[PDB]
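Just one chain follows, in the form solved without N-cyclohexyl-N'-(4-iodophenyl)urea (CIU), and it is written as C-alpha cells.
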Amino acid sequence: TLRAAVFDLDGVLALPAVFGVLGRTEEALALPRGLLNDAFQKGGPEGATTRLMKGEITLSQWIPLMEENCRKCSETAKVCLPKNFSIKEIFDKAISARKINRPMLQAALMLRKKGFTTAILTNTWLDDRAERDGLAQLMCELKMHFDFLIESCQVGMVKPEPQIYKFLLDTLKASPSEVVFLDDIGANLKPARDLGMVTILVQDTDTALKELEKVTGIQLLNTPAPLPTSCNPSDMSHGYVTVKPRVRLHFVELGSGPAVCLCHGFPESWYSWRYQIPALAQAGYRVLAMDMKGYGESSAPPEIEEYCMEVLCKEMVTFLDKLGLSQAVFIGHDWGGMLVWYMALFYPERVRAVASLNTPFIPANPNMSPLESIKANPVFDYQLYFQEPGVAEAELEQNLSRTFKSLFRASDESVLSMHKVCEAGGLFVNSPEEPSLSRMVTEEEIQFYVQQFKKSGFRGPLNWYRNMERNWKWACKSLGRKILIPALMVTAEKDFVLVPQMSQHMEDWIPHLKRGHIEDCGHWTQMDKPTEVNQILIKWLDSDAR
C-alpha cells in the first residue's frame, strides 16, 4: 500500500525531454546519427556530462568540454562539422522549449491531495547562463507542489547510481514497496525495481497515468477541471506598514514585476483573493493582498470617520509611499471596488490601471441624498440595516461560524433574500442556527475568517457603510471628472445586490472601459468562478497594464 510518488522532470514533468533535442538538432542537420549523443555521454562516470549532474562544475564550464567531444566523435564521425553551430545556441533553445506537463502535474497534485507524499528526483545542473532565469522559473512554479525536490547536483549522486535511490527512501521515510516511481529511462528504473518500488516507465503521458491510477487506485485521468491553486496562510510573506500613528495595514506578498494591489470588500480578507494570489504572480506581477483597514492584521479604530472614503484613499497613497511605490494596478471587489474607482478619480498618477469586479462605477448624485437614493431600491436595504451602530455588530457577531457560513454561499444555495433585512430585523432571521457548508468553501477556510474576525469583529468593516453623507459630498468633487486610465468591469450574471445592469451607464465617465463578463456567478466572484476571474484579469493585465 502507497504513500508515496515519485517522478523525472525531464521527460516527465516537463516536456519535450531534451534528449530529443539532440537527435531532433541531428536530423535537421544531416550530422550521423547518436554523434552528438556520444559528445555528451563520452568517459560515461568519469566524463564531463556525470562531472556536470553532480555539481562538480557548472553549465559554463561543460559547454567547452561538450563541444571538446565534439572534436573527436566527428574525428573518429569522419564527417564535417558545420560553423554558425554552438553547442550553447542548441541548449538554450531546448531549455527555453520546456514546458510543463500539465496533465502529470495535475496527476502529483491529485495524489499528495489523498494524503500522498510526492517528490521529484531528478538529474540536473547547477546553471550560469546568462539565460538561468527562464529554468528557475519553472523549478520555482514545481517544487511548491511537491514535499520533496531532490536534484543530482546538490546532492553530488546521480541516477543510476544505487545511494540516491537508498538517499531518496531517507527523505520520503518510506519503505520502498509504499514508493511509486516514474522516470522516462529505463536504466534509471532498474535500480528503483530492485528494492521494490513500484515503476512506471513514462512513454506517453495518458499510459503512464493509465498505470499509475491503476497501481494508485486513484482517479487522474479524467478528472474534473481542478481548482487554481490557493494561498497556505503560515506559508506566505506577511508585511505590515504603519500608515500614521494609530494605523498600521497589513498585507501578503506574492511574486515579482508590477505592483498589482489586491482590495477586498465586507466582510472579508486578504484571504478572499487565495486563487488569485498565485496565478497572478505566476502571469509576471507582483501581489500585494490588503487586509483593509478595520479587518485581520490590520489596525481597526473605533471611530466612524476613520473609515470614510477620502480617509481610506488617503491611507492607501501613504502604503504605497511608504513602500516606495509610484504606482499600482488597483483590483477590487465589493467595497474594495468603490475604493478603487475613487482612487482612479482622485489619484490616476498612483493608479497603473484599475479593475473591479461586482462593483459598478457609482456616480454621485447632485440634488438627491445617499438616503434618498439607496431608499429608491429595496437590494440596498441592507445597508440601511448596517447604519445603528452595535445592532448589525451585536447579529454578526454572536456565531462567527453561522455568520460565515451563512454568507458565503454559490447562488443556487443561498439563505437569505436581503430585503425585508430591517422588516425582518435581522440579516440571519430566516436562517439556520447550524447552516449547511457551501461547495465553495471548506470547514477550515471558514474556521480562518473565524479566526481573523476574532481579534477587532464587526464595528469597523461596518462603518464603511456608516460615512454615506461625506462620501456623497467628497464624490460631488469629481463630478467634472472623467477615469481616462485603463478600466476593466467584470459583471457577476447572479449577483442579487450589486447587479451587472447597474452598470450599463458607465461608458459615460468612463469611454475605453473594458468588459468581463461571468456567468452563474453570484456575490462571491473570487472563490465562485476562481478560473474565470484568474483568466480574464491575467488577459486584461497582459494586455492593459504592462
Second form
There are 2 protein chains.
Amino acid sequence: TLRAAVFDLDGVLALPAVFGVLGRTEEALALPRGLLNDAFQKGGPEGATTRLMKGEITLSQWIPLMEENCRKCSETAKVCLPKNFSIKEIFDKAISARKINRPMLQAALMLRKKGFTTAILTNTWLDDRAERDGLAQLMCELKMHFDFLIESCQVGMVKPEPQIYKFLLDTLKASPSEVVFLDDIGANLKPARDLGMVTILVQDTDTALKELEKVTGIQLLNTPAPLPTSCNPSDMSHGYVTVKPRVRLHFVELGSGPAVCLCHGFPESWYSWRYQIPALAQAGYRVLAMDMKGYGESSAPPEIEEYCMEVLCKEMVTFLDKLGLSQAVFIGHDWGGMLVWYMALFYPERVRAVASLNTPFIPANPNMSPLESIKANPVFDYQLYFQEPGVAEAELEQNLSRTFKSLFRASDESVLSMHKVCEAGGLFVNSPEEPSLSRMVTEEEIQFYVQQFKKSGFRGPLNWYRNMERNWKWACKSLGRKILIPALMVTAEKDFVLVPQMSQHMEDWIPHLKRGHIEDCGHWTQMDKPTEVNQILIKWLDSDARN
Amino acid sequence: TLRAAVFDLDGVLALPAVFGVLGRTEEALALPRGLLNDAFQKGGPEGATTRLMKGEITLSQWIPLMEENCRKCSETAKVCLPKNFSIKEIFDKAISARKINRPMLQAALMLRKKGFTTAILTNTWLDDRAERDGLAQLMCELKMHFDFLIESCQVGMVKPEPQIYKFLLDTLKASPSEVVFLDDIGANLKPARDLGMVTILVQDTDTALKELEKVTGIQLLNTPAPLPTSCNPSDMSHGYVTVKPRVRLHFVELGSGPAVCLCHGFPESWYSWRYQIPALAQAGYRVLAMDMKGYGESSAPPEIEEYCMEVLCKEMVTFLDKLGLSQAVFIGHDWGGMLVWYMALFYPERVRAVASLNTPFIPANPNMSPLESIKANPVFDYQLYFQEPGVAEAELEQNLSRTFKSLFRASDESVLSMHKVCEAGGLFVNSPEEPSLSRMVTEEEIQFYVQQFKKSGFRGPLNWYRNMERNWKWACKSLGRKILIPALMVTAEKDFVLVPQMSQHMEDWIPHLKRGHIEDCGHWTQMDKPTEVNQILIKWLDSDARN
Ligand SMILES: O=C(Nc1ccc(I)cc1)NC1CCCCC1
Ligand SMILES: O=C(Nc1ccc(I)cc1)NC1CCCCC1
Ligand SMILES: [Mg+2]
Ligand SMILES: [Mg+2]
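Rather than the form solved without N-cyclohexyl-N'-(4-iodophenyl)urea (CIU) that you just supplied, could I have the structure of the form deposited with N-cyclohexyl-N'-(4-iodophenyl)urea (CIU) bound?
Entire complex below, previous chain first.
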C-alpha cells in the first residue's frame, strides 16, 4: 500500500535543527524562556517569518524584522538583551552548524531503492546572506537523492497550510493512504493526518526509523554500510576536446575546486570511476573523468604509433591547454597509472600531484629490451598474446558481454588464468560461455561497457600494448630524473598481475612518496573496494593536493 | 622572402630575464662580479646547468648542484657567501618576477597575422618546484600565440648546439634565408647566422623591433592597440548537459577558478562572448559560455511555454546541479541579462554575483499588463511584430547572411530602424539586400552565426518574446524582494533600444549596485567595445566576485 515517503529538512534530514537554536540561545544568554521563539513567530500568519517562508521577502530582509520583534518581545517581558546581540550572527552560526543526518538519508535512499517515491517537504527561505553558499551545498548534496524537493519559499505555501499538502500529493501522483510523512513538528503532521496519510513525529532518529521500518515493512535500521554514490551516464556533463585534427577526447566532469583528471586502465572507460566521481566532487574537487584515447566517445585511430606513451602524454598536455588549465592532479589506474607517472616525469609543470592505483613506477632498464623483460615474468604472457594485430581483437570482440563478465571479477571469484595464454591459444579458452555475474557489477553496468565498446572495439585499446620498444626508448630519457612532486602509490593485495611487491623500491626514485594499501582487493580496484579508494584519495588530496 | 620569425623566451618574450638575476644578486650581496655566473656555467657542456637544460635532470635536482658550484667558485675566489644564501629563494623570486614582454608579444602576433610562421626557441627546464604553477601559466599564455614552442629540456638539445637549429628549421619547414631569429645572447645567434638566417641581438625592445620592422618590412612599432584575443570554435572544450528529457544545453568552457556563466542575448550564441572568454579565463576564472536554450547546439523545442523565464531559470539551476556547482557568477547581455536578474531574485543561493550588460532591472508593474506597457514605448514596436508565430521566422530565415549583417552593426553604421516595424510590415523592409560588412565583424564570423542558426532557426529564439504575460505573473511574485547579492549594471551609451536612462532607478531595488558605462557603444556591447567590457567585468569580478 505505502508507495512514497516525504521527509522534512530541519530536524529530520538535517541536524541540529536551525529552529532549535533559539532555545539554546535563550539559555546561553540567560534570557526568558521562549523569548526568541515568540519574536520568531511574532504576528503568526501575518508575521515577518511567514512572509519570509513563502518567498515574499529574502532572509537578509528578514533579519532586520526579527531584531525588531526581539525588542518588542523583550519589551513586554521587561528584560534587556545582550550588548552585542546579533540575529545574523546567531543564524549564520546555527545554519553552518546544521549538517546532513546520515542515517536518515540512508533510510530514504533504501526506501527509494526499493521502489518508493521520495521527496523533501520543507519550509525554507531565499538565502541572500554572504554565507549562502553553505546552505546551497547542503541542499545540493541532499537534493540529488530524492525525486522531489518542495521548498515553501519556492511554491508560495507553507506547512501547516493544507494547500501545501494537496500540492504535495499532486506532485507525488499518489493518494494520502500511500504516503508516509516524517516531521519534527506535531502541528505540521496534523494536516497530513487529517488527509489520512501515515505520519511520524520525529524526535530521535532511531525511534523514528523504527516506526518507519514497522510501517513500511522494510529493514532500515542496523543495515549494512551501503556503497558510495555512483553516477548515471545521462545525468553527467559531457565534454569534448580536439587535441589534434583526428583526435578528440571525451570526459565526464563534476564538481568545483582543484582539477582532478582520472585516467582509467585497459579495457575500461570513464565509467570505471563511477564510485569516486561523486565522492571527489563532494570532497571539494573538480573531477574530469576521461575516456582515454581509443575508448568510448574518444577518438580511436587504427595506427599503433598513435598509442605510444609519448604521444598519449603530449595529447593530455594539449587537453589541459585547450581547457585552459595550467595544472591538474593526475590519478591513474592500470595503463592509466603508467601514463600519470610519465606525465609527472616529463611535465612536472603540469601535474599538481600524481597518484597511481596498482601500477608501480619502475624505471626502464637501459640494458634489457622490454620484450626480454616481459618474457621473464610468467604472469605477463598475455602481453605477448596482445602483440600480433587482430588476434586478440577477434577473441575480445566475439562476445562483448562474455568478455567483460569474464574480466571484471573479484579475487574470491573465478578470475581469469594469466599463465600460458599464448600456449593456450587464447584468453578465454578455459572460460565458460556464460560467465556468472560478479558481485562487483550489475547486469546493466556490464551492458554499459558493452555499448561503449561496440563503437571502436579493442584495436585502439590493445594498441596500448604495442609500443613496448618505443615507450622503452622514450623512458630511458628520464633515467636521470626523480619524481619530486606530491605522489601517491596505492597497492592492491590480491592483484596478481600488478602485485604490491612490484612497487617496493619506488622510494629510490620518489623519496617523498606516500602510500596506500587495500586488503582483499583485486585488479579492478575502483569497483572492488570503492569505499576504501575514496577514503584514501580524499585524505591524500586534502593533504598533498589542495594545500 | 622572409616567412618565419623565431623568438627566445628569457630576455626577449619575457622580462626581466631570469638569467639576468645572477648579476643583480652579486651586486646586491656585494659578491665578486660574475661569481654566480661562473658557478651557473660551471663545467660548460658537461656542467650541471647543461644537463638540466637538456632534460637529463629536474630543476629541484639542479638546485643542490648549483649551490655546490657556488661554493667552489667562491672558494677559488677567496670570498665567503651570505649567512642565508639560498639558490632556491633566488630563483623562485627571479622566475615569479619575470613577466610577458607585451610589445614583443604584439610584434609576434602581428607578423603571424600577416602570414608569418612563428615559434619560440628556448633553453628551459623541467620545473618540479612547489612554485612551478607560476611558470606553467606564463608558458600557457604565451604558448597559445605561436605555431611552435621548442623547449630544450623537451628535445634534448640546447642553443648554441647547431643541432637544435637544424631541428628548428626542420620544424619550420623552411630554409634559413627565410627566417628571422631574435635572442638576447650573441653566442646563440652565431649558429643561426652561420646557417645564413637573419638574426637580431635583442637588448632593448624598441631597438630590436626597429630592426625587425626594417628587415620584415611590416609596421610593428607605434602600431594601434589590437583587439583582445578571440577564440576559434574548434579549439574549445565543448560541454553538454541534459537538464530534462528533451532539453540539452551546450556551452564552451575555459579556465580555472570561480565559475562564471555567460548568457547571451537575441539572436546570438556563445560565440558572442569570443572576446571575453579568453580574457576572463586569463584573469583567473572558469568560464562557461552558454548557447542559451533555443540556440546553436542547445536544444530548441517548438512550444512557446518552453521559453518563459520561470522554466529557463529552473533549467539553469538544474544545469548547475548536474555540473556539481553550488554557485556561479551569472553575467548576461540583452535577454540573457534579463535572465540573470531573475536568477538573482529567485535563486540567490545559486548566484555568487550578478552582472548585466545593457539590460536594466525594472520590477514588474502589478497594475499594467505587459503588452500595455510595451505599446507605450515606440522603440519596442518590433516586440509586437515578434508575437505572431511564424511571421518573424520567415523574414529572419529567408536570408541568414543578410539577417546578421543587417543586425550586427555599430552605432555609427546603418543601424536598423526600430520605429514602425509592424506598420512597415517587416524588420528589413527598408534595408538593402546585400548589407555592407560591419567594422565589428569579419565575413567568417558572420558565416559562423549563419551555420549555427541553420540548425534550429528563429522559432525557439523568438519564443523568448512570447511569454510576456507569463513572465509578468511570475515576476509579480518577487515585488517584495530586493537584490542584496553583489551586482553590476553596465550601460551602453548608444544602445537605442536598451537605453541607459532605463536603469536610473535600479538602486531602489538594488542598494549596493555597482555600475559601469561605455561611451560610443551600440547594442552589441561585447563586439562593439570588447576591450572596455573585459576591463569592467574583470575589475568587478576581482573585487566583488572572487573575495
Ligand atoms: O596489463 C595490464 N592490465 C591488464 C591486462 C590484461 C587484462 I585481461 C586486464 C588488465 N596492465 C599494464 C599496465 C602498464 C604496465 C604493464 C601492465
Ligand atoms: O529586445 C531585445 N533585444 C533585441 C531586439 C531586436 C533586435 I533586431 C535585436 C535585439 N532585448 C529585450 C531584453 C528583455 C527586455 C526587453 C528587450
Ligand atoms: Mg522541521
Ligand atoms: Mg635568452
